[PDB]
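Structure, as structure tokens:
Left out: one protein chain. Kept in place: all the others.
The first chain written gets the first letter, and so on, giving A, B and C; residue counts start at 1 in each chain.
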Amino acid sequence: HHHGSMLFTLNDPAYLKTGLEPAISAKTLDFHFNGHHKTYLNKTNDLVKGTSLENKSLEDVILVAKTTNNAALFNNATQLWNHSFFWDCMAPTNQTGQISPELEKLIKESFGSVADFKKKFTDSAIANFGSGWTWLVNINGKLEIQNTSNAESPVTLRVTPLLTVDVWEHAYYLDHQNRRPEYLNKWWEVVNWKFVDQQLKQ
Amino acid sequence: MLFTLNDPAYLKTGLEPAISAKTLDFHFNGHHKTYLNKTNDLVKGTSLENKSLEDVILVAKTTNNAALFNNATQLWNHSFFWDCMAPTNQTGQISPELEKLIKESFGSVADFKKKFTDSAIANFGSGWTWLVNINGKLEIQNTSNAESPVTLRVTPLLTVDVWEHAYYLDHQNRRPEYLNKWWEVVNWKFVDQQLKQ
Amino acid sequence: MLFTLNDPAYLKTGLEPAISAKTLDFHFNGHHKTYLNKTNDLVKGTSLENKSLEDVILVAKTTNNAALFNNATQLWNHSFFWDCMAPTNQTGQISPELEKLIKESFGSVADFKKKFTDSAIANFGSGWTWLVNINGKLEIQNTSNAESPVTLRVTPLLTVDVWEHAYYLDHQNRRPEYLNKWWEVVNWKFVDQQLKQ
Partner (left out) sequence: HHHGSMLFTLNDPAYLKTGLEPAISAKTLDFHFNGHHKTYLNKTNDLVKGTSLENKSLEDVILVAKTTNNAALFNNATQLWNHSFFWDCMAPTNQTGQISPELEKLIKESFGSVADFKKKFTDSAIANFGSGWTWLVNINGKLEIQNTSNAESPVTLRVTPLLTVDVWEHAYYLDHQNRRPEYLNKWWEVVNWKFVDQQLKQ
């Protein structure tokens, strides 16, 4: 069938060892990336080998898992994608850039103001019960805030994800314990707005 | 501009032996127009006015709006469903490209039909059974109630409706008999056109 | 020993104008007996032999056994459904006890019926709409597919089946008209007995 075996791989986030203070500590990123993310990577790779999914791209694996209702594969493959997306969403504070004019317009149009968007994104992330994610998605020029639970993700949907925050407790418990609002508040300072704008141009 | 529907071409003729014109009257003039009315009502006076149905569906899904998602997606599902069928003498045939991908994912066309049929039979409650194209690999997907691959980064090729209203008047609980007769009204040229858009 | 059903006393007469004898023919002899045989098939050769249907349902629910849960609970749901109805001349009345709890919980019987009815209309897809007693406080519950309060620490008082097969032959897409006329067959004697013991 093939003799060109491939697996998924992960590269260190550039800020892995220095951290994302004051939002996310270097300690948290160690357990988050070397623990959770690599666990999802190894499990996705184990479940796909020796099957018709070997060598398929991660997004094809995610959509096959979703359409065939394969829970174990969906949970690991989509968690593998969500964290890779999550790392691009953030940067050390001095390297975040700013909201582009074009992106600022669509935030105003969909939410009134940038300040209002942040509060509604934050309140939505706080209200997201249990493990999951809160997303900013672009629907053909209209922006929306989406909550998902556990590994569910808009990567499966006909939308463009612009931004996500992880509210699984492992994303913040070492630094913030039960104070998720304090986690989300400081997380705004590490949002990589250069990436959000680049996601908008596609 | 409100969303609108046009009668399926075979509305008065029916799709015997799968679906009678009687059933099509209730299915289109009842259920499908009901979904159309609710959708227009839910969108009227909102920021969703003058947006496509697909945008309306994805807005409903991403914002977890059940009432809007259920009616707008059901509105899309039936329009796709009607396009998937034709009277037995106007079905066309499975294209060489499509047979090729069917054989790849399921071995043979006969095997595909079998598994597709078993999947629709196993689909408990209300819902739909779909054939989708995932970047060159075909898959059979069951969805519940109004759920639909129209939300997903996949291409739907074919669907059969297994809500009981799609078949109860002609077949009552004989859903297997509905599905196997349903194969005779599959609009294969539509399926092939979905593969090559 | 394996589970059994006995014919509803009114199987040949129907519940006109709510449910015809024909609908009852497919509803009982088709679906309900199908759920019975599959429940019987799944518990045969297993540790569930000898256990009551309720134990089987709770075992299926706690172990996430979908096939066993769907069949066994639908098997219970339909039995409870039949006892909830009677021919229009044999429905009995709302007792003073139940009437007090209805207006305590819902304001008036008129507001209750409207809201129970509005609830069943809103119960999207296949499912059931229930009146339940929670230690003296009553509530309206919507469930999907085979889901049921029989698993819960509540006492069920009344249910209407809104699977489309429950009503499609008599009312097709007119679920409100099925519910409107379903009220005339509510075995209000039975609902009051559920309120005791």
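In this text, a residue touches a chain if its C-beta (ideal position, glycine included) is under 8 Å from a C-beta of that chain, and two chains touch if they have at least 3 such contacts.
S.K.: Using the contact definition given at the top, list the shown chains touched by the missing chain.
M.R.: Checking the complete complex, the chain left out touches A, C.
S.K.: If the hidden chain were put back, which of C:29, C:95, C:151 or C:180 would touch it?
M.R.: C:151
S.K.: For a quick check of understanding: of C:29, C:88 or C:142, which residue touches the chain that isn't displayed?
M.R.: C:142
S.K.: Looking at the whole complex, which of A:117, A:168, A:187 or A:193 touches the chain that is not displayed?
M.R.: A:168
S.K.: Tell me where the left-out chain touches chain C, residue by residue.
M.R.: 47, 51-52, 54-55, 58-59, 61-64, 130, 132, 134-135, 137, 139-142, 149-154
S.K.: Which parts of chain A are in contact with the chain that was left out?
M.R.: Residues of chain A in contact with the hidden chain: 31, 35-36, 39, 71, 75, 129-132, 149-151, 168-170, 173-174, 177-178.
In this section, only the chains that are shown with their structure count from here on.
S.K.: Calculate how many whole Å lie between the centre of chain B and the centre of chain C, each centre taken as the average of the chain's C-alpha atoms.
M.R.: Averaging C-alpha atoms per chain gives centres 30 Å apart.
S.K.: Express in whole angstrom the distance between the two chain centres, defined as the mean CA positions of chain A and chain C.
M.R.: For chain A versus chain C, the centre distance works out to 44 Å.
S.K.: Mark out which residues of chain C touch at least two other chains, giving numbers and ranges.
M.R.: Chain C, residues with two or more chain partners: not present.
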